[PDB]
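Shown next as structure tokens: one chain only, the form deposited in one PDB entry.
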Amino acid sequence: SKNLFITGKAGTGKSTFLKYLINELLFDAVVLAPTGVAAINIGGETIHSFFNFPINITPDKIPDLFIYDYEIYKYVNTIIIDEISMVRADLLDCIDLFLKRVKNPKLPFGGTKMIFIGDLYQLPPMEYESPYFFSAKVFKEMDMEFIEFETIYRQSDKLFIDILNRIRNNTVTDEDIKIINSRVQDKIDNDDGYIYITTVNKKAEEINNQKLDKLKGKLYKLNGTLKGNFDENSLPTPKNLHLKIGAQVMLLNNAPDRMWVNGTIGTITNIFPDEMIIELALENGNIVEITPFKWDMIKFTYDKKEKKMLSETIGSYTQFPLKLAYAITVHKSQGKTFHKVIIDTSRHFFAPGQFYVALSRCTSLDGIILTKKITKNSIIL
């Protein structure tokens, strides 16, 4: 029974379709994701919580890993892992190794049927050949179906989408190494409307708190409420939300009236905390009214009464779906596009391919700025 890899985009569809899947059709399946935020966005459990993995988990640490509940996995026969590109090679082998301990040890993933959901950009054809998931030892042991389901479109408006797919296979050409330098500015208009892309959370938090500190409006300090058991390492936005008028922010939910999507940029025009309203102006002019938003933290549990897997809500987090959007790391911007992005090379290191993902996060390459030149062998993925 083959497993499945599919290439699906983080739309509202995916999230609710997965709920229908594992509630109305499948009763022996769960939905995992690599980080906490990624897990709450789609209503799943993080891989680490589902397996009670310590934070520094590694394949050799597995044989002697303590197991809280040997029984839950006996009832789990299909595992869906979303945002598969954010899973490390060694982590996927830990999952395989783990399943083999609790489930049938002679088969890959203990015999569990595995479904992987990734992005159009991250795709495949004793020591690891790369940190990316397709370099897991367990890919050797098994065969998969490949569905490029959401391949009928992409996340860029311009015609030279081709350039992204041209440096994919190291075929980045001299003829098209320029224009790629044409975007090398010297940043005369600092910075309005551009989000900086970085590699280190430290320096992204530094640029964010730079811009906020200079804005001369009063400082507002919005406090979200945590109920029950909610991991404070998976807050989509800080519990101490610091904001001012004029702040350049990002939206962290998908509007139901399709007025915005996770990643949309805006500017705060008013803050009214007694009424629990933040007003912001979008890029296309429209002013919106943002009220707080409740995220649910799930833990899968087997209901012995009904003989099906249930998503049991173990906590909640209520805060305004916003965070400072002057800067973000390449990792924390996984499902977002943006329109005005700054990729500084002078600061921030971008190993070729970390640099590619960066480029993969601007609607158009006209809304891009760089610092230094770009050669043909510095794009050798």
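Positions refer to the first chain, counted from 1. Between two forms, the rigid core is the largest collection of C-alphas that superpose within 1.5 Å. What changes on going to the form deposited in another entry:
- Of the residues listed here (102, 235, 163, 222), only one shifts its CA by 2 angstroms or more between the two forms after fitting on the rigid core, and it is 102.
- Positional change of residue 357 between the two forms stays under 2 Å at the C-alpha, relative to the superposed core.
- After superposition on the rigid core, displacement of the C-alpha of residue 131 between the two forms amounts to 2 Å or more.
- Superposed on the core, the two forms barely differ at residue 315: its CA moves less than 2 Å between the two forms.
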Given for the second form:
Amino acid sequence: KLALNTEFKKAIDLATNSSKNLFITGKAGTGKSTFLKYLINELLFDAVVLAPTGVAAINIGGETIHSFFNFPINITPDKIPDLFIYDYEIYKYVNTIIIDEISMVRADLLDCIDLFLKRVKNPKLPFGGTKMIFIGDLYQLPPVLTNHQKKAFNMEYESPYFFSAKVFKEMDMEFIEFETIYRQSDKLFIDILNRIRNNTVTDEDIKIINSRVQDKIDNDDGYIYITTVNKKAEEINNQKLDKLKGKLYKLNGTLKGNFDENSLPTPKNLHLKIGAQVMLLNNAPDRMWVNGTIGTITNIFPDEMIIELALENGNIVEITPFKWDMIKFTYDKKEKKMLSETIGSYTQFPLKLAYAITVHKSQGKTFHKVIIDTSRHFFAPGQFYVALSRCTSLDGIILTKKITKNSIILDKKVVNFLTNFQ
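Form deposited in another entry structure, per the form deposited in one PDB entry context:
FYI, this one's just the chain on its own, none of its partners or other molecules.
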């Protein structure tokens, strides 16, 4: 039911017929998710799909990288050879292994997959000779810190980011980018995002971005506070909910089978009040709401199990609990095949308090009106770009504090690596 872009048909050809080592990239919202959705279902295809984190795998209907390869948490590329492989026969059946949100996987973690695949498969070809499709826009790099949040492995890695994987320097994968925009296609905003990606920001860009700074906000309704501090975001949602009048409703999620309670999209104990600012987590088929749409609860119906909210201006919708599937790829020793099957179900309203969110937890979502916490002196490499990528237009963006071109410093380091990808 979707249009096939000229770069969409180029990517499905190189992946479904001339399948060899492809890399889908682009900007935030350019079609990479629907391209992967169109490959697995609504098309004749079979392949494993992996994601770095458990919550990422639940959204795309895949399974964790560590879960698929039975990797321990402490796995390093040096522990791969001294790692006893059971169920060795099953790995010779998997081809075209697709990884999603590739920018989020570590450098060492990606080389573990190569060395693991080289064991169960041809030991000379990269990744054991399996077709590697990587998706997830390239400039959504995870945040790093110098004193905090390190493991500092410096054996041969220039950086913990994905591109520093040694498998790349001995591989050819003919990268393909998705450059077509949508969804509040603010061109001036898009071009500023392009120059931040290119690290070619002009002084007029900084003047335009700083024009969105506001120390005061009248009618903050509809705005979501995007910060980096996981602590601060939780305080804002809870404080905003206490200041709301009305009965507190406690809705409980049904956890069937074997599901990871540490990867729940929305809390099992959902505390909501009529009037709360909530966020939809379901990306509806009829395009009424996307994953990240902000609404306001207008009524709660516990008996009928229906939560009513006006989606913005007046787009009133009725929401029922949604079911998430826990996908696990298993080798059927009887039918000799791999096709994926659910091991657990989590059912709960696709809703979450949306007064504030963190950059890490807002992955994949785009909002309409954001309040970005730019009180930090510096932004970790590529962390300002990901904050702006969570919004759809410059008119929706509000900055708490004015930034300078020195704030986007340490982007210079990574951009010289990302340009090497040719």
